[PDB]
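Shown next as structure tokens: one chain only, the form deposited in one PDB entry.
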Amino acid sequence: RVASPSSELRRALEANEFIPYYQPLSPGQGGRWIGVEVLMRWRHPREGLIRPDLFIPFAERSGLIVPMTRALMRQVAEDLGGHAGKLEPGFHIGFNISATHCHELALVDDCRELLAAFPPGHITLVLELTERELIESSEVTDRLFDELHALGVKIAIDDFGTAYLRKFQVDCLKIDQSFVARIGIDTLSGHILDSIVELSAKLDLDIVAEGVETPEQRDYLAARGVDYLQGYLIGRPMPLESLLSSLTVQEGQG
């Protein structure tokens, strides 16, 4: 017999094969990067550097998604806490969190630990949860979000648009790529996007647009006060080495 996907993931976790890639966040009006989104990559020993996408569902059912995320959080602290000079005060670091992680208070501890790797207030830690994940967690989010907020951690709604809004105290809305993709393709698409942006402003929330690929999209978004942009226009997820190099180039002109 052969070991299941979840068992293979466990072996990979114990051998430290899950590693962070870093996708840059840019201001809406341009300028130096203001943060990164952390992506999970698997340097598979015999199948090379990959995305564990097909494996994520298995990690969710087993629970292993939580310790996988923790291992990423620790590797980020190791990677970036020793280059905090290349990081402007306030630099955002965003993680994709799972619903399971919101049980008990482990997430508080995990964030404390990451924050301790940088000077107090030096980075802004952003935890990203989908609408679905927040609804799955509604019994715990009142207290959990209070403890995380107390530490200066922010909560973003991931893939937004993909009455419960009054059930959760969040900091940021991330506009799903599907909406950005349709900028210009038809007038309507836009109205709906305009409504999401305007809803952010009503609620005093920051806004990130995902999937920013063209200058037309960027300009449309920036004209409406979108705070932050992510997507191939700004940069693909990159290894640490490439991130530090780019950050060097940017201090270099500032």
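Think of the rigid core as the biggest set of C-alphas that the two forms share within 1.5 Å after superposition. Positions refer to the first chain, counted from 1. First, how it differs from the form deposited in another entry.
A 2 Å or larger CA shift between these two forms, after fitting on the rigid core, occurs at just one of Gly28, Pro67, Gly211, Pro52, namely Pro52. Taking 2 Å as the criterion, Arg132 counts as shifted between these two forms: its C-alpha moves by at least this amount when the rigid core is aligned. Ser178: CA moves less than 2 Å between these two forms after rigid-core fitting. With the core held fixed, the Cα of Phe168 is displaced between these two forms by 2 Å or more.
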The other form holds:
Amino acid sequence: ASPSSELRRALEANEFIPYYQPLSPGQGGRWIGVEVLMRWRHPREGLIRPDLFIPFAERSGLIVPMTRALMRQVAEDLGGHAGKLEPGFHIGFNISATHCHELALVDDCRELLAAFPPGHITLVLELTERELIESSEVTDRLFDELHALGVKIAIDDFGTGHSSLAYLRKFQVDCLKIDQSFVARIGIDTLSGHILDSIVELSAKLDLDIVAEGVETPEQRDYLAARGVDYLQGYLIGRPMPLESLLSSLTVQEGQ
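Which structure goes with the form deposited in another entry, now that we have seen the form deposited in one PDB entry?
Only a single chain is listed, so you will not see partners or other molecules.
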């Protein structure tokens, strides 16, 4: 029994499925994008969330082909429904460290964007600060080519002081994520509020967009809107959903 051969079997059998989590403007309104999350629809185990297998797939050496297949499925799922997406609609992916160490990522992005009318979507790739600190000439070239396509880069797991500012500036990152762990402590923990304020301050300094994760309550939403946070995701906005559910909801929003 080979876990790595099982992952390859699964990939060939199209068991890795995109689930779509909506992003909302901080001030409310129609969804402005989705973040794509890879689930494994395992015939015996049921639906498995990515934190339960992505780390192993990275170790196995399979994460890039899996992410490529995911990007391909999203093009097939949404590229024929551009009329349901308001121009500029964001489509976000979590990109693994190994995918960042290659230039094939540029071609993967170029292909996904070609499935929609030019400029119609904004592709957003989410990386960690480690990918900026542990960078090389490949990184420099990758970020420059992706930016020239109109791809935007979002960063998680970052510092907020002048040392981190230098990396964010060098690579001309576009967005910061607010981790759910800070959002969950809005109104309950003073320090967390200070951390959140520090992230907002860095964003203002570098003119970055902010996506806040794990937004579950109206209190959290209003706190974050009060600080100009651009985009929200979490239970309040909606859980990750299968394509059928997304299309149903988009149809409704196009009608209003």
